[PDB]
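For reference, the chain that follows is the form deposited in one PDB entry, supplied as C-alpha cells.
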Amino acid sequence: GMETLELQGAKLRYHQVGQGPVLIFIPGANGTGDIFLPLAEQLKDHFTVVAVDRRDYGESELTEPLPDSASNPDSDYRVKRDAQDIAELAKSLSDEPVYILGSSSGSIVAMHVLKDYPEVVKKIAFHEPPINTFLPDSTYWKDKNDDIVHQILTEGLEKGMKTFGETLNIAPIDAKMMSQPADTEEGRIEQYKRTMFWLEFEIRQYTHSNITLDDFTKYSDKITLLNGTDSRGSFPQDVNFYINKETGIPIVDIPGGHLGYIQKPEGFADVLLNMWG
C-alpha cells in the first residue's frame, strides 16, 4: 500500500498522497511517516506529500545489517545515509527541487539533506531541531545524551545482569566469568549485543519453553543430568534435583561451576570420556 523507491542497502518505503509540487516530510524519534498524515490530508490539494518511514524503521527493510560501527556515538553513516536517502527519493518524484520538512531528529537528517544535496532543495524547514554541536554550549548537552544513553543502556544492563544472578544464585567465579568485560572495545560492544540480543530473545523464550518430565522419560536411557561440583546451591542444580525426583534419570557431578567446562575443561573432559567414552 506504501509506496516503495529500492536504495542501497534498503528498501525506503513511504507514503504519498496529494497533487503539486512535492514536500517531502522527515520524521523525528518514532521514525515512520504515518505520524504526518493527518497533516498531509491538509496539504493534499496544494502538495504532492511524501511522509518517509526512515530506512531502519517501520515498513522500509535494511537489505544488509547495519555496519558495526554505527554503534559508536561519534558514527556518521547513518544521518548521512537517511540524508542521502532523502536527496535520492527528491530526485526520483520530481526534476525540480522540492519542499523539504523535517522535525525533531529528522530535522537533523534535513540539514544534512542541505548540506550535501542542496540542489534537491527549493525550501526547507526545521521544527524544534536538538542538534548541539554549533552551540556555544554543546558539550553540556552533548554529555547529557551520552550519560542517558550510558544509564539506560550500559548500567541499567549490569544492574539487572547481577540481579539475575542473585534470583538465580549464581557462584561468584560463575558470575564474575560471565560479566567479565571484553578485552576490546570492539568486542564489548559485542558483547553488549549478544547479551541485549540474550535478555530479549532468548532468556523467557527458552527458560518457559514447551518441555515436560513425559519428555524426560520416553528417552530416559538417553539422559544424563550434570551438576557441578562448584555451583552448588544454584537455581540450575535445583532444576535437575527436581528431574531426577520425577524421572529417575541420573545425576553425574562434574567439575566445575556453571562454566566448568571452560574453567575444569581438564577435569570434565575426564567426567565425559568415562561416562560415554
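Positions refer to the first chain, counted from 1. We call the rigid core the largest set of C-alpha positions that still match within 1.5 Å between the two forms. First, how it differs from the form deposited in another entry.
Core-based superposition between the two forms shows that, of 75, 139, 184, 151, only 184 has its Cα displaced by 2 Å or more.
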Second form
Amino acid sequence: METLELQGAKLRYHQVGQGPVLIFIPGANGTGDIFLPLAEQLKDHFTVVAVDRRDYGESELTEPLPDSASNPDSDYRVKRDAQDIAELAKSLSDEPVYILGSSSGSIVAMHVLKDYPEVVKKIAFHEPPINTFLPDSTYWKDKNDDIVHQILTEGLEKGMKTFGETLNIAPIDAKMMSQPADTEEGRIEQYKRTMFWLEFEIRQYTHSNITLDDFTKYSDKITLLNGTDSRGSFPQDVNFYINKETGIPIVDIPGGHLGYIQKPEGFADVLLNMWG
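Can I have the other form now, the form deposited in another entry, not the form deposited in one PDB entry?
The text that comes after this line covers the one chain and nothing more.
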C-alpha cells in the first residue's frame, strides 16, 4: 500500500491503473480493499485510489483522537476525513479528480465538495445515510441515538449482574455498585469506567503473576481481610486458601465488599487494633 503522511495520521491507500485519478472512499468497513475488484475493471481508464480512512485498516493515527470525538455532535472526524481526501488528491494530481464514496464514505465525499470543491472534477454519492437536511431528520437521528445507546449500555448492565451472581456478591454491595452517578458527566464516565475495567483490568489482574511463595517471604507483614456482611462470596474463598497454605491470619471486618464506606467506624477500629 502507498502512504501519505498527514497531520495526525499516516494515510494508507491502494493505487492501480493509469489515467485520471479516481478516489474511492469506503463506508462503514473503513477500508479500501473492498474496491479492488472494481479497480481491476477500471484500471485502463483511471488511476484508481482506494483509501483506508485514517481510523481503519492499515492507516494509523500518530496522535490520539481528541477526547470529545465521542460526542455525537462532534465534527472533527468527518472534516478530517474530507481533508485527508483533498490532500491525497492534491498529492497525486495537478487537476481536479474523480471521487466516489459509499455510505459513510459518501458523507465524507459530501464534505470534500463542501470544503474543498476545487479538488473535485466529478463526484458520486453512492447510498448516503445522512439525515441532517431531510424533512424527517429528527426521526432518523433519534432512531440512531436510541440504537447506539441500546447497544453500548444494555449488554454491560446485564453482564455486571451475571458477574455478581458468579461471584456471589452480597445485595448490599450490588445495590451500591450499580447506583447511577449524580451527573450526566459522571454517568458517561461511569459507563466508560466499567467498559475499560472489563477489557483492560479484570482478566489481566485476576490471572496476574502472584504465587503463594510471594506471600511466604513476607508473611509477617500481611493481614487478610474478609467482610462480615459478604460471607459466601468468591474473594473470601481466595483468602481462605491463602490462609490454608501460609498461615497468614484472616481478620473479619465490618460490612461487605464495600465495608470501608458502609461501616467506616467499625472498619477503622479493626484496622486500629491491627496496626494502631
